[PDB]
Structure formats: C-alpha cells, structure tokens
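Next up: just one chain, as structure tokens, the form solved without the ligand.
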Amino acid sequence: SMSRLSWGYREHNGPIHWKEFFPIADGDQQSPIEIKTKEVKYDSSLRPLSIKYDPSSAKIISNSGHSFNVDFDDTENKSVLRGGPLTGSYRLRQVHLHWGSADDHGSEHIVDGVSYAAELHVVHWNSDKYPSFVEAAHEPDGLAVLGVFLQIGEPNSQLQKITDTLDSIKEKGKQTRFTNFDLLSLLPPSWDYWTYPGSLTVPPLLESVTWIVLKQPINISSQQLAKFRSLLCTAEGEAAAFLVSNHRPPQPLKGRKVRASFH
C-alpha cells in the first residue's frame, strides 16, 4: 500500500520503494551516508558547537509509526543550536531515533563500514531567515540536524526517561506528555563532529539538512534498545506489525565533502 501518504520500512513500503512517490529519493544530496575517515578532511574553519536546550522545551512524546517523536515548543527561542558549520540560530523542534532489527546494524550513518546500534536525530530549523519549520525544510540552509550514535553498553539513565514511556505509546498515534527533558545531558561529553550537506532520511527526503554527526557515541543497554523494537508501526484497532527496524540504507556521496571539526 505504498503511496504519497503511506510509507514505512516493511517489504511493500520500505526505502527501496520510496522513490516511487518521492523522486528526490535519488537526488544528489541524500542521507544517510557512509563516513569514511580516510576520506574525511579536517577543516580548521569549522567552529565549536554552541548549544542551549531548556528542559521545559520538550512537551510531548508520541509514536508516529516510524519512530518515537519528542516534540518541542519551537514557537519560542529557548532551545537553539549555534556554531559548528552553521550561520545563524537554529531552533530545536524534534528528537527521534533510528534502529535496526538486531543490535549489530541500526544506525543510519555508517563509520568505516561499521553500523552502531541506533542513531538519535535532533532536528532544528533556521529561525533567523524562515517563519517556521515548514518553509525552512525547503531551503538548503533551512535545517540543522545533530546525529548521535548509540552503541550497546551499560544502561543509560538519561535514555531510561524515554524508555519508561514506551508502553504508554506502543501503538501508532498514541502520545503522552513529556517535559523536563534534559536533552543536553543526553549528548556525549565531546562535541567533536563530522559535517556534510544532506537530506531528511525519511520522506519527503528534502535536501535542506546541514548534518552534524557527533564522533563520540553514547551507550544504551541491549534491554533498553529492545524496548524500542516493542513499539508498533500500526495503530490501535489495526493488524499489528512491530517497528523492528527504521533506518534507511547509506546513499551515494555524489562528490560531497565530509568535514571534521577535529584532528
């Protein structure tokens, strides 16, 4: 039932089928990509990240059917990302996660042929030039997305806040209030990053993202990660299907340059 409104990660509506209704899927700046450190170039002009995330900005966590979405109030300017490869202020809007059916392959971006267990995406939009996320999403400099790798390790106290809510949003469409979320404390201690021009990794797959992938991963226990696979990509009352995997395969680099803020 693949369509312009119905897409997913299953056999009939997975990534390979996305181009059927979203032509840009075969574009020149698609994400994710494989980051080959041998091909990465240090750029001293890249600046450190300057981040401020107000714990009260988070408002709701819901099951979109494609992942869990923690939505933030982006009508105010309390949580913003500056610095890095960015010009101007990018306002925090959403946080979601990508994983795979097994712990050995779940991240979207790949590093030197290796897949981490999962990958967190923190979505921001240029509020200096655009009136809202929608208009920013259609501009090359419109979005800034921080990517954070998750690797299996000791239980993560910060991620636990999210896992504690999963049973309440098991079905697609379910939502529960989620605030007092210290997102900054979820990020790794080192803010060193790789950056390149890309796109949303889910339809509409718009090429408006300046990707900022942090080098240092954070840990998550196998049990915590398994909790995400217990979510359904289907709603209450519909035939059940678990969201066992929700990551897109690596896309052609097409001559793009991946830069490092560290050396």
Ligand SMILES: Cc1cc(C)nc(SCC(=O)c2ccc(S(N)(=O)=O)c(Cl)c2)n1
Given for the second form:
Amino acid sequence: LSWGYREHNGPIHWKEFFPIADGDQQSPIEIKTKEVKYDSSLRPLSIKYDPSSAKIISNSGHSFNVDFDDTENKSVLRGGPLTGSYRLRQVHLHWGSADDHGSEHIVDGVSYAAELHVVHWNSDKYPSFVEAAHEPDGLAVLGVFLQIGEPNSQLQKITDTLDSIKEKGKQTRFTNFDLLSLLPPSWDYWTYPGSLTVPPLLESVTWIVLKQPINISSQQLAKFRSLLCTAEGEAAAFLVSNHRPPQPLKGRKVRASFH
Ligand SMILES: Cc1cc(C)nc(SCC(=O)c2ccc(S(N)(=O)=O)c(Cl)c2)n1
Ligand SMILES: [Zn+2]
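Cool, the form solved without the ligand is there; where's the form deposited with the ligand bound?
Next comes the full complex, and the chain you just saw is listed first.
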C-alpha cells in the first residue's frame, strides 16, 4: 500500500484501506485537562535507555525512525500505567507544515509544533514487536511535545543527520544516542488506551503522553520539513506535514499521574 499525508493518500483516505480508522480506540486525541481524572494508582515512569541501543536512523517516507536493537533488554519502560516490561523499539517524530501546529495529540485545543513518539512492545508476553502490535496490551508509546524555543542540543544529533537521509529509503548509522536526556525533566503524564496513529492503525497502544514539552528551535524543526516523502529517482514531494487529526474519544478515560 501507499498511504501518506498528501491530498490523495492522507488521513481522511485511510479508512478506505484500513477500516479500523473508524474504530473505538483511535489515536491521537484531544487531551482536555478539565476532563482528565487524576488517578492515584498510576505509578511513576521507570525508564532505562541505553545510548548504545540506538542503531540506525532512516527516512521511512513518513518520518525519520531511529531504530534500536530490540533483541536485547537494555532499553525498557516499566511503571506508569504498564503491567510488565516494554522494550524500546523505535523513535520518530510528527510535525506540521508550519510551527503553529503539528503535534498529534492536542492539549486544551492547542497544537504543539511537533510530537516525539517512543515506541515500545511488551516483551514479557510477546516474542516480537510484530506480534505485540496486534494485542491491546502489546504496545506502549511515550509521547513528548516539542514547542518552539531555544535550540535543543539533544535534538541537534538528529538534525545533523537529516541531509544524509533526505530521500525515503536512505539510512545512516546512528548510535550513542542519549534518548533519556531528550526527555523533559518531569515525567508526569496522561494516559489512555488507543492505536497506532499511522496505518495499520491497530488498537494496541497504551498512550503515555508527558505533560511537559521540550524545546526545539524554529530552524531545527524546519530541517524535518526538508525530508522527502519520495525516494531518490522519483518525483519529489517534501514531507511538510505528517500528523493525524484527533479522533473521537468515544467514552475513553484520560487519566493523569499527577495533580
Ligand atoms: C513490521 C511492522 C509492523 C508495524 C505494525 N509497523 C511497522 S513500522 C511502523 C511503526 O513501527 C510505528 C509507526 C508509528 C507508530 S505511532 N505514530 O507512535 O502510533 C507506532 Cl506505535 C509504530 N513495522
Ligand atoms: Zn508516531
């Protein structure tokens, strides 16, 4: 298949080849903080990310992905709303065509400039990410909002690479990536049950979205828009926007770890 974010193949078109697009636990959503319920039973996040787990950065045509070696248990998320160990798999980012929008999740009617997703899978129960992606408790994604601010020394590692992966399919070695340090200093979070925000749109994600944004400069974020959604030797299209609109909550509870 050949989904994307352009006029012919974008989010409104996804339902055509992925009927779960209209499902009851679709992501992303609006977080309306006046409707969030603090839940004292939610636990703190327990995070370990080995900077040597990071292997490769590539252009999928839908974002950049930092792939981590997920055959080993070096990089694991536990706690939060999660039962068991969730192995780190991959990091990517969503943004919009300009800095005033671009996050997937929206807070109190407001879009951030971009949103970082840290993809993990239940390695207690499932033999691989591919099997875990089909189960309600299979995935956990940590979301971090990016707002325009000062230049981010931690994102600069990624931005420095983006020219070498400008075309879809291109990849480049990427390691010693201190992912933890990219996180905001508060790990307070909202959580709800949801889906992949991209086709196949599987309802297998425990969303964990951190309240506190991190900064990125205008010039840093603009580098992501210089990525192509098209391959070398193909007609060019810039990956100007790669975010899905908020989906109906359909009676799900968004809970907060904090008050
Ligand atoms: C073999 C295989 C299967 C699947 C379901 N995805 C992939 S690559 C896509 C991928 O890992 C991915 C992309 C986007 C998201 S999101 N925006 O965080 O909900 C997630 Cl959870 C996974 N590969
Ligand atoms: Zn994502």
